[PDB]
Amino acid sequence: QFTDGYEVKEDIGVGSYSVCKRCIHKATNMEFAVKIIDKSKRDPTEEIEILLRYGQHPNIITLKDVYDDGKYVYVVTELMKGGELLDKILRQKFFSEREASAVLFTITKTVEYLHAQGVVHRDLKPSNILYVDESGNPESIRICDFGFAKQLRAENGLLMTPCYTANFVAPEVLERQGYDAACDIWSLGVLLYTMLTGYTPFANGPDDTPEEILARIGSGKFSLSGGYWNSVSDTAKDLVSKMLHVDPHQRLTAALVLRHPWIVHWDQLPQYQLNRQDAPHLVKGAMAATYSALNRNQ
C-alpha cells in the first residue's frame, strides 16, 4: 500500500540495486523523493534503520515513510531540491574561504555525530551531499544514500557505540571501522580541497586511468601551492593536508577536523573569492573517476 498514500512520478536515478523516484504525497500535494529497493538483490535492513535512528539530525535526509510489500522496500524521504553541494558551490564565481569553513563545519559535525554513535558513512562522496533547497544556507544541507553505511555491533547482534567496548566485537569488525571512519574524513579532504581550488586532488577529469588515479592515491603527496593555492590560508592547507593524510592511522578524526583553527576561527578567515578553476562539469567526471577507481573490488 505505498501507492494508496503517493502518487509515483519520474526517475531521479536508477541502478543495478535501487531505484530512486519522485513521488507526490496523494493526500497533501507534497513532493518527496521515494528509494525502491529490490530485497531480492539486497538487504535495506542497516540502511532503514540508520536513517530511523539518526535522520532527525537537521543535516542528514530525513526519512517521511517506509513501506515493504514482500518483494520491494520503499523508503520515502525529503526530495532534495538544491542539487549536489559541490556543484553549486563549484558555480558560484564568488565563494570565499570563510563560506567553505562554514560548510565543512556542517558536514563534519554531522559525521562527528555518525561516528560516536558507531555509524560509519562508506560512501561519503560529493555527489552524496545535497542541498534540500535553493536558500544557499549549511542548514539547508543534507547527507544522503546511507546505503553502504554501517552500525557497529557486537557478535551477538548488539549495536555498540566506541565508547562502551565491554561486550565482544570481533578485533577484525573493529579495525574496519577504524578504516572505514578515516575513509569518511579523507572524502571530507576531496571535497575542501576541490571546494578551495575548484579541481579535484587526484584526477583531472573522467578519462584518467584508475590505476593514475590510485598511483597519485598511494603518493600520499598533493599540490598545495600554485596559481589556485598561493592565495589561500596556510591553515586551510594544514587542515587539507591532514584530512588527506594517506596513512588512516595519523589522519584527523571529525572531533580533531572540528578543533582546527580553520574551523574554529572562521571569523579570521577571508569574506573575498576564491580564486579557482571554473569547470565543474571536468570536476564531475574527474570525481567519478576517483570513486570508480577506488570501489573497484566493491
Given for the second form:
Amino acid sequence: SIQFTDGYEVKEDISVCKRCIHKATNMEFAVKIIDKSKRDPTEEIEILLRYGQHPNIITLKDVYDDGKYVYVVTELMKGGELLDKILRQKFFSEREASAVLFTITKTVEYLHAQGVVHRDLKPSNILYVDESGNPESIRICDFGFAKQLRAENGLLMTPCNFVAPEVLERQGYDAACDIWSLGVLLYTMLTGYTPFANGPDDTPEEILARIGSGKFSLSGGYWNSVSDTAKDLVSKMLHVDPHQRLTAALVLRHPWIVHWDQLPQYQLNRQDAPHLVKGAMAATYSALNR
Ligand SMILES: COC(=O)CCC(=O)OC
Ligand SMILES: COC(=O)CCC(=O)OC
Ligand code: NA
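For comparison with the form solved without ligand 9HB, produce the structure of the form deposited with ligand 9HB bound.
Every component of the complex follows; first up is the chain already shown.
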C-alpha cells in the first residue's frame, strides 16, 4: 500500500544506495535499492531484521517492496569508513586498536554463534555512524553476501536436526574467512599498510601468491614499535590454514584483547598513505573474489 516515495524523499547516490529524508521528521537515512531481477534479497533482509538491533550492526529502519525493487532503509553512516578515520590519526595506539577490534570481533562472535557468516567483511564495510571516534559508533554493514545456516527442510539452525555436511564445512570455511579479514584489518591498523598488497597496481597473481604462501612481515620497520602480543594475534588471525586460524571466540580470549589495559598507549609508528591503502585493499579483495 504505502510506497517508499510516500514517506521518503530520495536524494543523491551514496544494488544502488541513496540518501533519503523521512518526511514526517526530516531525519536522514540511507536506502539500498535492490533489483529483484538481479538478486533475491530475502536472506539479507531476514538477517537485518533479526540481528540489526545489535548495537554494532547497521540498524534496519524501514523496508518496502514494489514488485520490482526492494527498498531497504537503514541508519545513514556519517562517520566514514573505519580504516579511513584510523589511518589518518597520528596519535592512534595499540590500546585503541584493541578496543576497536574487540567491539568488532564481539559482533562477529555473536553472528557466527547465531549461524550467520558475513562473507564480505572487508574494511570498507565497517563504518562509523558518527564522528565521535567511539568504538560504540562502529557498525558492520552490507550483509548482501551473508548467509544463515539452515537445515535441508528450511529451518534456521545455529552451530551449537540434519544439515548437509558440505553446508557445515562451507559455513566453517566462510566463518574463518570472516576472521581472516579482521586479521587484514588489524594488520593495517597497526602499521598503516596492508599485508598482501602495496598499492592498487599490484597484480592479482602476486597478491594471491602472497596470501597462499601464508607469509607476511611481522618484524622491522613499522613493526619495531609493536608489541609481541599484537604480532602473535595477527599471525594467528592471518594463518593461511583455516583449520588453524583463530575463531572469533578465541580472538576474544587472546591477551591482546583481554589485557588491553597493559598495552602501550604511545603512538604507533605507521605509514601515512591512507589513499594508497584504500587502493591496496580494493586490489586485495578484487583478487580474492575474482
Ligand atoms: C543502506 O545501504 C547502503 O547505503 C549501501 C552501502 C553500504 O552498506 O556500504 C557499506
Ligand atoms: C575464499 O575466501 C576466503 O577464504 C578468504 C580468507 C582467505 O583467503 O584466507 C587465506
Ligand atoms: Na544496530
